[PDB]
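What follows is one chain in structure tokens, specifically the form deposited in one PDB entry.
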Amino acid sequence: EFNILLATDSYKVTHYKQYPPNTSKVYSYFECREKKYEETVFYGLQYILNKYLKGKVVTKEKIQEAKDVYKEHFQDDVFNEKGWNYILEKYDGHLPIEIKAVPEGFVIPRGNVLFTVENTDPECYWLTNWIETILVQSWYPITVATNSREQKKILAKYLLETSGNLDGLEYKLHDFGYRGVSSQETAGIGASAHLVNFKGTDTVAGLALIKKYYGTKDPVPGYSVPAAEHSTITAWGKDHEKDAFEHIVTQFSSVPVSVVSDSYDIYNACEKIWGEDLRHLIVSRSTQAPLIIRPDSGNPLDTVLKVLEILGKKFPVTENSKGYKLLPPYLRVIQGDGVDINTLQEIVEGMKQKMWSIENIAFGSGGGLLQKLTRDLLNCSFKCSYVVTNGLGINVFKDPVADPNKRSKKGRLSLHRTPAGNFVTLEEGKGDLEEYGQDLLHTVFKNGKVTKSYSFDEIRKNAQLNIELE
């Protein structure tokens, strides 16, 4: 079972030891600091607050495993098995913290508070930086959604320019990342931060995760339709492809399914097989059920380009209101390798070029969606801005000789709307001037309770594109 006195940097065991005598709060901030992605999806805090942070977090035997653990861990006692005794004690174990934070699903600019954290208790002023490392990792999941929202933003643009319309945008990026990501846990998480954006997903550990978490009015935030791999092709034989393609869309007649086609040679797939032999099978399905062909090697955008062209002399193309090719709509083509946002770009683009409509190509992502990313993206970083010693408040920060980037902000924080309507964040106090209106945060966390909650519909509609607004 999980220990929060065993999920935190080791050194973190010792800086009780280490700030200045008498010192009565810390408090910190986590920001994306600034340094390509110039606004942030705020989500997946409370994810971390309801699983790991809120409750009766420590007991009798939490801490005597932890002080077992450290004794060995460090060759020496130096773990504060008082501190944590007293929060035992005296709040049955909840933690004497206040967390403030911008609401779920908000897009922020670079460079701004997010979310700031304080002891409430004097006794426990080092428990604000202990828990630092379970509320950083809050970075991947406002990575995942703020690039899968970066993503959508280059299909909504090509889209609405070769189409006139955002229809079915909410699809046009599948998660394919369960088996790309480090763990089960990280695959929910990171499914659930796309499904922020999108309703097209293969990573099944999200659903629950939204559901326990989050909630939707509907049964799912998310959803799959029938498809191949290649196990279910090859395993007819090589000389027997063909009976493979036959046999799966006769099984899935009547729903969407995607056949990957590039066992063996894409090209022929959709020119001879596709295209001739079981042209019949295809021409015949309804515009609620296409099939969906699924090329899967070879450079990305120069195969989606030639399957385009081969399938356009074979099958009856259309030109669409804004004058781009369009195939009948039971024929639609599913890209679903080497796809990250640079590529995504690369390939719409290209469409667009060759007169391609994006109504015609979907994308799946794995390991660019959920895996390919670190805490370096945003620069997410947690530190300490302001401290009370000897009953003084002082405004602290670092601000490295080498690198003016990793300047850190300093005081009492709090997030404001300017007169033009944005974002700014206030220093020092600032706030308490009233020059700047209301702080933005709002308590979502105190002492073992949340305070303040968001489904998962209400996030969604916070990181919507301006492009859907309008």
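Numbering follows the first chain given and starts at 1. Each form is matched to the other, and the largest set of C-alpha atoms that superpose within 1.5 Å is called the rigid core. What changes on going to the form deposited in another entry:
Summarising the superposition on the core between the two forms, the listed residues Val78, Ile273, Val388, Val107 contain exactly one with a Cα shift of 2 Å or larger, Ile273. Once the cores line up, the CA of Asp239 ends up 2 angstroms or more apart between the two forms.
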Second form
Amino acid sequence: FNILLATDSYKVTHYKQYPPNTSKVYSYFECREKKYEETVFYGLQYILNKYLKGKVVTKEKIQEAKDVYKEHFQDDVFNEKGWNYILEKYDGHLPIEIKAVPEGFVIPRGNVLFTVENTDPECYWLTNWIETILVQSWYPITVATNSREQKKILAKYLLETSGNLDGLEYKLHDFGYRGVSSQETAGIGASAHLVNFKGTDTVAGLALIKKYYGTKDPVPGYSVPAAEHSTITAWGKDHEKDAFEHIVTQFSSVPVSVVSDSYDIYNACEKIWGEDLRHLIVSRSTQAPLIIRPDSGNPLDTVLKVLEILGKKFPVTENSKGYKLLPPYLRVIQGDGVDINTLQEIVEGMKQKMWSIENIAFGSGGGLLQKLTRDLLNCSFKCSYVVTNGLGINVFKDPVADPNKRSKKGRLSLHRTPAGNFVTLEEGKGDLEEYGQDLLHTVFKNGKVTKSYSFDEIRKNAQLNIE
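Beyond the form deposited in one PDB entry, can we have the form deposited in another entry?
A lone chain is what you will see next.
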């Protein structure tokens, strides 16, 4: 990795495009206004540690970038002078300052999340150079926000159907690994799901948390053994009971997820699980239940189908709220077609049918880690303040064509008003400190991470509240 080759190409030429005596370029990030009314600020620390901290510039990288740009542009348009200056004066450390709201904070749309500026007047071009790498925090932010929004649905419906929040943290399992664009995307997205939940299959998220954030607990995410069509079918139709028995006996002390639709769902439930192997299931611990995956079809219909047939063979009870509840050794997982919308439908549909949410857990692949863009929360990075010839300019973009909410102006700060509202103060109005302390803190300054947060602090900052 070489930071000198980690930017949009056109930004390499920017050191030649500014008015002379430009000493300061100040830029900020927000999730612009105009269902996701608030965002979970997560992911910056990862970027800061992995790509920006310490000696990121060397003689080798300078010459490597010089050679690539020469061919790529078919012209000498690379700042060897400016980059050699960072190497000589700062030992390749970036003379930049990043200030940001604490990770895991829940912030309404249209508020500053983080700001960037150069610290040395000579490195005015550096602010826009690192824009590309920083804007990429749109992804862990979007992943964390959507994952938190799904947790709200689950919390509301588990409280409405049971009066408790039992296993809430395990009700949305991450299955996204194979559905994402890369190994790095997987790790980042999985770490972002884990901000709100404790169940993943994207092992990549565990090593990411341990390396860049840390938890007091031995792991940030958990999983259970599971049996798919590929393993069941290798046994053959006449050995489905033998398959089921082998799997459940191997995983006696922990929960086990087993597919029911390989041959015949009704027979797997009613006859195999409900008759032949019933002695092995009824014996199971509340901590180690058998989890059944439904047949393919409508996510609500298949869930409803499974619940009803299991209820014909196993003792179903009415909880404190009057909702149908399966025995503790038996649970259901819906891992087909789950996104923020279908989740709301399955849980509403279950309530209507007097079935508790205590019974069900969900799985999400592409709809949790891939079918997401910078467009969802309107993640924007704009320059708001420039110092040319000692003269400060409150820069912005207010186009008449797309009005939107438009770019903010000048130096920025985030505050929580006495009334508990988040406010972003423009044109340096925050320097008045009328609205309390600035919520943004210096996380990065001149090649050093100055402020860090453990994943536990993040989790705690991201907590659901009974307001």
